[PDB]
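Here is what each chain is made of, one letter per residue.
There are 2 protein chains.
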Amino acid sequence: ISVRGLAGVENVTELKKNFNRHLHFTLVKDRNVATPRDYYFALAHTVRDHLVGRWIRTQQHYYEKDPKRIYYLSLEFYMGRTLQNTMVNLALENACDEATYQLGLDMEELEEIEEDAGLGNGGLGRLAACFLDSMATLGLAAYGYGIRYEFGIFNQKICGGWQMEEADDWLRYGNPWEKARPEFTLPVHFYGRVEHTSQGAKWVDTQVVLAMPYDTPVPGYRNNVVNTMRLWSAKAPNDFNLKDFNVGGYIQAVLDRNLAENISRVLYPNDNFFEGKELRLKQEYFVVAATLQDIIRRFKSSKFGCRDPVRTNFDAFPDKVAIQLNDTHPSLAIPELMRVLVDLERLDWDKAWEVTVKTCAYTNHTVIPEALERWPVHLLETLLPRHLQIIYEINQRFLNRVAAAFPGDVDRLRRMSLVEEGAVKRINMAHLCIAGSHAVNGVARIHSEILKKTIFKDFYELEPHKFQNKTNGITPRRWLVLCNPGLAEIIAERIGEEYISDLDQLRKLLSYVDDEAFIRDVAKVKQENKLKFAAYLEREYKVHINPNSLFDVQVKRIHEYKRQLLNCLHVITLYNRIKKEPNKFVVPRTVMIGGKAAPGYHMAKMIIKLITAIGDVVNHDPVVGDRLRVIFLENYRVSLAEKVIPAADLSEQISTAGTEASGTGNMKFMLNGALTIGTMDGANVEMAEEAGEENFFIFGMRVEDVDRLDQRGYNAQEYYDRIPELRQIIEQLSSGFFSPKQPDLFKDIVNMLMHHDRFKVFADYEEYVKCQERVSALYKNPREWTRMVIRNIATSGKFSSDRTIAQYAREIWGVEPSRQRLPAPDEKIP
Amino acid sequence: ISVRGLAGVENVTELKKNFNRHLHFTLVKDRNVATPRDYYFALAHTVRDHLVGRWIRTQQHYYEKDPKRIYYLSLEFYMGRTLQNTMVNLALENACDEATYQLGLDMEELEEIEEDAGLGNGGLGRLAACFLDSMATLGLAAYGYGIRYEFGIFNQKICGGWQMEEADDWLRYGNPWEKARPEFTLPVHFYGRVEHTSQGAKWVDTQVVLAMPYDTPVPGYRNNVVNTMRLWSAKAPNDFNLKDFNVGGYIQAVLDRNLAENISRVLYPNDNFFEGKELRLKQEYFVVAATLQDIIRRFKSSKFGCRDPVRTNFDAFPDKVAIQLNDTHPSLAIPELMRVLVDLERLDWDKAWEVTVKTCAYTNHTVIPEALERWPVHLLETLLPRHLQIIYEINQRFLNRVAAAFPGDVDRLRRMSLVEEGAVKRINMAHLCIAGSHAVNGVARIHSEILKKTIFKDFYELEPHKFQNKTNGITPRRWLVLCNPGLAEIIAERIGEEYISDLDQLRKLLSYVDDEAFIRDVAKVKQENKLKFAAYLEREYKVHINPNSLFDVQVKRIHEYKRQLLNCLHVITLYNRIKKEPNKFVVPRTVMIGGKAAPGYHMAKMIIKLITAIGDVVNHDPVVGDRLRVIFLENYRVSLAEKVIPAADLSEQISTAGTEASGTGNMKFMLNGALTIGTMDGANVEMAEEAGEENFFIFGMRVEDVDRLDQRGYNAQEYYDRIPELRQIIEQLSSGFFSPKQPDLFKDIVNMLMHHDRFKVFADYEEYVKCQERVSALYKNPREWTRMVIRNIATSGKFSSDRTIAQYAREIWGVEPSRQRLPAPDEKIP
Ligand SMILES: O=c1[nH]cnc2c1ncn2[C@@H]1O[C@H](COP(=O)(O)O)[C@@H](O)[C@H]1O
Ligand SMILES: O=c1[nH]cnc2c1ncn2[C@@H]1O[C@H](COP(=O)(O)O)[C@@H](O)[C@H]1O
Ligand SMILES: *Cc1c(COP(=O)(O)O)cnc(C)c1O
Ligand SMILES: *Cc1c(COP(=O)(O)O)cnc(C)c1O
Ligand SMILES: NC(=O)[C@H]1O[C@H](CO)[C@@H](O)[C@H](O)[C@H]1O
Ligand SMILES: NC(=O)[C@H]1O[C@H](CO)[C@@H](O)[C@H](O)[C@H]1O
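These protein sequences, in sequence, are chains A and A'. A prime marks a further copy of an entry chain.
Position in the first sequence (first residue = 1) + 12 = the deposited numbering.
Position in the second sequence (first residue = 1) + 12 = the deposited numbering.
Pulled out of the complex, with its shape left as it was, chain A reads as follows:
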């Protein structure tokens, strides 16, 4: 059937009876009233059973051996569905497929019932999920820590061409994967005041919120290692949240508990954009305060909570603990760790600071200013008074370091300060992170260099040893084996299976680049994928596409810097050319654009309306026929990504040079047989470098060109004046060609494009359509297109998250990865 494992005799029988046990005893249903949703749950519980045994021994193992522990703090974890992934990592897929078949059910149909765990916005959250899978596969004693939002990223609905947001109640029917651990609830403080008494400061008169943990298992790939993802939930105490007496109402006091519990209610739907709301700051401190207590508790036991030197010496803390900060969201971990060490454990400042810097490491993910976290001091002042005092003291000492290294450089001092003066004073969280961590890294080579050269230049000059780079990666398990079993099978047929946890081995495929059978197969699976997606489209969304055309797709969050607008201009150009010479042959294309816009991002929402507006015109023009279709992919998410990517021919990674820190969707497309048209931005550079620029469609300005233009001054009128095809489009938009009933509907887009385009869309227009012509040329030659594809796939190995994690491990965390199978799952009950 494929290498989804063995469908053993004993195990298919065992699976079936357990499927029936759960349907009866767990779901309390009988075959006669059971629905697909019930069947899905019986299977999920049956699969979950197989990894609890491993989960328990893994955790027990780490307790016995006591290795260095990795803590990955992130406010986002974009997990997606987890049934199939679990089957894959446990080699259960074929057995489950068989068993459910014998039970008379379609596993694929059941898999579609599982709700996505959308606890993230985009790249940053998905990176975290890929990292977890890799850390488990490389046998690292690693823990993912976050917030268990009951409402994840909103579900997007397109009404009359506009985006409609609706609550994502992913827990509505339950989550069979998590395991509530109410017994490990912890208290978290807010507000209050600071009392300076005799021997130390005291954080007093605080409001308490309880943090209840929920553990989700993270299975490694076929090595019997099951790590833990601990997500916190906010709960109100039953005392003060009722006990602070003297009139108000007993009922009202019970109803008001949903005020402290609102902390983990909803994820903030902003991607690369900072909103300074108090609720967000609360979520940030919440995950940090609870997580650290758990970290120190585990440390206090270790082998110190037995003997060792005997005396809670936190000198070994950094040798046993490593906490990674995913962006600046969990930045309060630094001042929080100091508060606990200084205020509670009573270490001296300096010893405490040495410990903190040595255990903390920060990852930066963007250079755009509007994404930078600068919290107003009046907020920190009220909500976390002691942390503010600690931050001012960290700043004081740091700045003294600076003054001593750069005597007289008074502007450097203000530029480096953690405190920003002006309208309102703010705290620059990124500066905090750099000062309190022993390593700061970028997510792609160019981005990392940009940090050193630009944004964090002064910091780099002060401590050059802190700055590193760790190019992002993706997991070949979910992003290849899981979503594209067909491609994975034909690869395995030639080079075996060891590449799933050693993607570098994909290079061996280079020697099949002239192989006639392989070229035929690679081209076959991509055609099978396109057919399946074309079907799904009419199945769930309804209104036909042509599977023979080139599948041109751009799926990612809607942003001005990602330039879906630049993609829009090209689509309109194709349309206009066709209308000019109808009877001329052009390569057919189905251009699919999908992505979510943050609720408050007016421009982003205006862009989604434009895309659908273009499709209304293009898709109903009889002269165009089936040569051009413009489709907006609704509710783009992980599970949807797993469907489109394997069906794509062309991947659009056209951000303005120097704005996309890395990107990861780009890597997903590369490993799945799509060719890339893009700019020399983020990881695009390393991908072209790995595959050879001849096998990549690169165009537009490089970072240096962008800066030159800025010195000069960017003027969009010039481009408007010198390109008639461009001029024709802008005037079509301006006159209502795309919005008849509302002729001025797109005035904001045009106005912006002409007068305040921060991302110079026009500057790359000519080179973009010229370059698009070259891919259409190559697509006309099936054999050569597929051969270039094989050059990409065969060369994508460097982009596996296993490689990324192995580097973080050795260069930042100080631990050694290991592909050693944990001693089986075998029963045991001590």
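Some hints could be false.
[What the hints assert, rightly or not] List of simulated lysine-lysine pairs, PhoX-like, C-alpha gap at most 25 Å:
| id | chain 1 | residue 1 | chain 2 | residue 2 |
| --- | --- | --- | --- | --- |
| 1 | A | 28 | A' | 29 |
| 2 | A | 289 | A' | 255 |
| 3 | A' | 169 | A | 255 |
| 4 | A' | 28 | A | 840 |
| 5 | A | 759 | A | 617 |
| 6 | A' | 255 | A | 617 |
| 7 | A | 169 | A' | 255 |
It is worth saying that the hints were derived from the structure and are not from the lab.
Since the structure of chain A is already known, use the hints to place chain A' with the ligands on it.
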């Protein structure tokens, strides 16, 4: 060990491995980190497994056979713990005891970990729970329908002698008994307006709240019948509760979902008191609207949803459905059933009304005016506009019936109206219930007569056939076998086990009233019970009592009509007499008073402070010694009742004649070996009548005496003037003898007692202490006390809820009870 069933070889082994399965696979723990709480859950899941098989076949059975269905609507269901009860009804107790023992654990210790299901206030809610157990034991196709409050009755804490209320988070650790059924969610409407169009009215522009059901199994006693208790939870729709667009904030819209979900958040802690708050009205309509939809759906399938006459003829509705209204809380069921039949199904008014009256039956529970539900019309008008219109039409037609029967009686018309004019117009829910039901019943003989003679006189004259009586009862399973296995065993030793589901058989014990061994045994178990309770007291609450003294207990909600104050006066009297003649012998007594006061009931809370104030004085007077102890039993609840009642010698049921509709705690004490001192009120009359007044300590005014006094005019000064012992107490209260630091602390109590005592506490004072002297006299003669006890126990059979349900069944519902074992639980999987 006792007759807690057989501890079979095969089953103790089977239980153990299943206990281990769950501890591993369900709880995901290993013996080395498992806590008592974990052990409790493993056991609970192991026990729950045994009744799912029966649950499924019972429900399937009712679907096949299609008998008449009973629907018990109640806003309260005071269930208490459910582990032991389940073991008892399944004959699993000894097997579980053995198995857990072999596993090295104490079942009793684990049982103490289960949280009480406090979804009720007192009598009314507990009656509902006892009724469910009985309906299952008598094989009735019955369903309990209510609200799944996430916060039940508050937990009471005594701080400095005052009651402190704190949220009852009973779901904090989970509920292994319920089974969420999100797939059966239903929509419920609120607000909106009525559109009268061509063919009928239309309820339009409503706000929708979703009702999600949760089923809990209700096992009958050893007959393999497992009925269902369906509790609704409020959920916000994800559309409009987000989709009603045009600025407000996306975050705020998601946070505001906890506004529609507040409906099932907390139970209203009022016992026999009406609070006209909008939230309460919402809860009331919520349970009714959801429940009825479920009722009609099941009806539409029946055997009509196949064939029968063919044409949704609701003429057979009453032959297939019976809905019992527990008090007036679910009274909206009447106008709601009309709205669905008339507005949706389009039946004519008259046919619809005939159906409604024939399926609905109402139970009244109190005669005090402040407990009567009179909803302001402006509330109904805004929240349920169509129901108000239907109510006015029901009233219109009813009043026309009245006018036609009593021509010219214009005052009768206003007195009978469902609409009350005055300050604000109100709707008298009780009148609604009488007009729309085919049977109205009281809960004890005297109470029922009082309804006919007083409160509902006019209604009785119009339709005498509607009024009936159904004396309350309690379940011998939880209230005897479960809480007092020792007494149950010695009874079984003489007369067998058939009395557990046939309590009348307890009469056979009369012939052992002179049996020397039996008297010794009955007295032995009561001494063992008192010792165990005396221990528990120091264990969990700490500060000694003497097990040899008489256990004088009064446990029920704190009310002015229940007269804990009258009990207080006697206690102070005993104290004062002792202080007068210290060296005189008196029978030692530990007087235990326990109960919860509604948060807003100032007087009730003042009484709790008095009780503790008396104990502070009495309990620390060296002259008193161990002859008198005053203890306030904290957080009185079902699980606590199961501990004190079996340890009581004297039961206090001293409400003012004509105020306690029935009572049930009284019956609990009678079946457990305590003698009763009380007034001729509620069921007390029938209990004395059953045991013989010679075996009962009756005192005080009868109903007739109370009325005579009211004609005359009650003047408390008289009693104050003529009784020096009484005068001495009032002056002790008045001068701070019981509250040194705050001398005027109890001025409200004294003021009330002297000037506005609605329940004439002073009027029964003399006869009360005189009567208390007679029980002390009898207690001095152990042999005769125990013989009188045997006369009570042997004669309590009439007070089993099996008898009550069998009457409701035959005289109101029109169904025949059956003690037939359902065809085993045996596997099966169709
Ligand atoms: O005190 C202890 N005795 C024995 N095993 C322990 C103890 N503390 C932790 N463990 C084991 O280590 C696992 C790790 O627990 P953690 O504290 O949540 O990381 C637990 O599930 C147990 O298997
Ligand atoms: O359409 C049907 N076919 C077969 N069994 C049914 C059907 N509807 C209900 N049942 C059975 O009747 C039980 C009663 O379901 P209820 O509707 O919740 O009362 C179900 O759990 C099934 O065993
Ligand atoms: C991989 C992924 C992303 C990141 O895509 P980019 O193109 O790097 O912006 C975002 N959303 C989803 C659903 C993803 O799977
Ligand atoms: C039985 C019971 C009641 C009812 O007692 P009464 O004395 O009738 O008022 C109230 N609360 C609890 C906990 C009960 O078990
Ligand atoms: N999605 C994102 O917010 C950011 O982090 C991702 C993961 O590091 C990057 O690939 C992306 O370029 C950046 O905008
Ligand atoms: N507890 C109560 O509210 C009421 O209903 C109970 C059950 O019918 C009665 O026994 C009680 O006398 C009455 O006050």
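Evaluated hints:
For the given pair, residue 28(A) sits about 21 Å from residue 29(A') by alpha-carbon distance, which is consistent with the 25 Å threshold. The suggested pairing of residue 289(A) with residue 255(A') holds, with an alpha-carbon distance near 23 Å, which does not exceed 25 Å. A hinted pair counts as satisfied when its Cα atoms are at most 25 Å apart, and residue 169(A') with residue 255(A) qualifies at roughly 10 Å. A threshold of 25 Å between alpha carbons decides the hint, and for residue 28(A') with residue 840(A) the separation of about 16 Å falls inside it, so the pair holds.
Among the hinted pairs, residue 759(A) with residue 617(A) is consistent with the structure: their alpha-carbon atoms are about 14 Å apart, no more than 25 Å. With a CA separation close to 16 Å, the supplied pair residue 255(A') and residue 617(A) stays within the 25 Å bound. At most 25 Å may separate the alpha-carbon atoms for a hinted pair to count; residue 169(A) and residue 255(A') meet this at roughly 10 Å.
No hint from the list above goes unmet by this structure.
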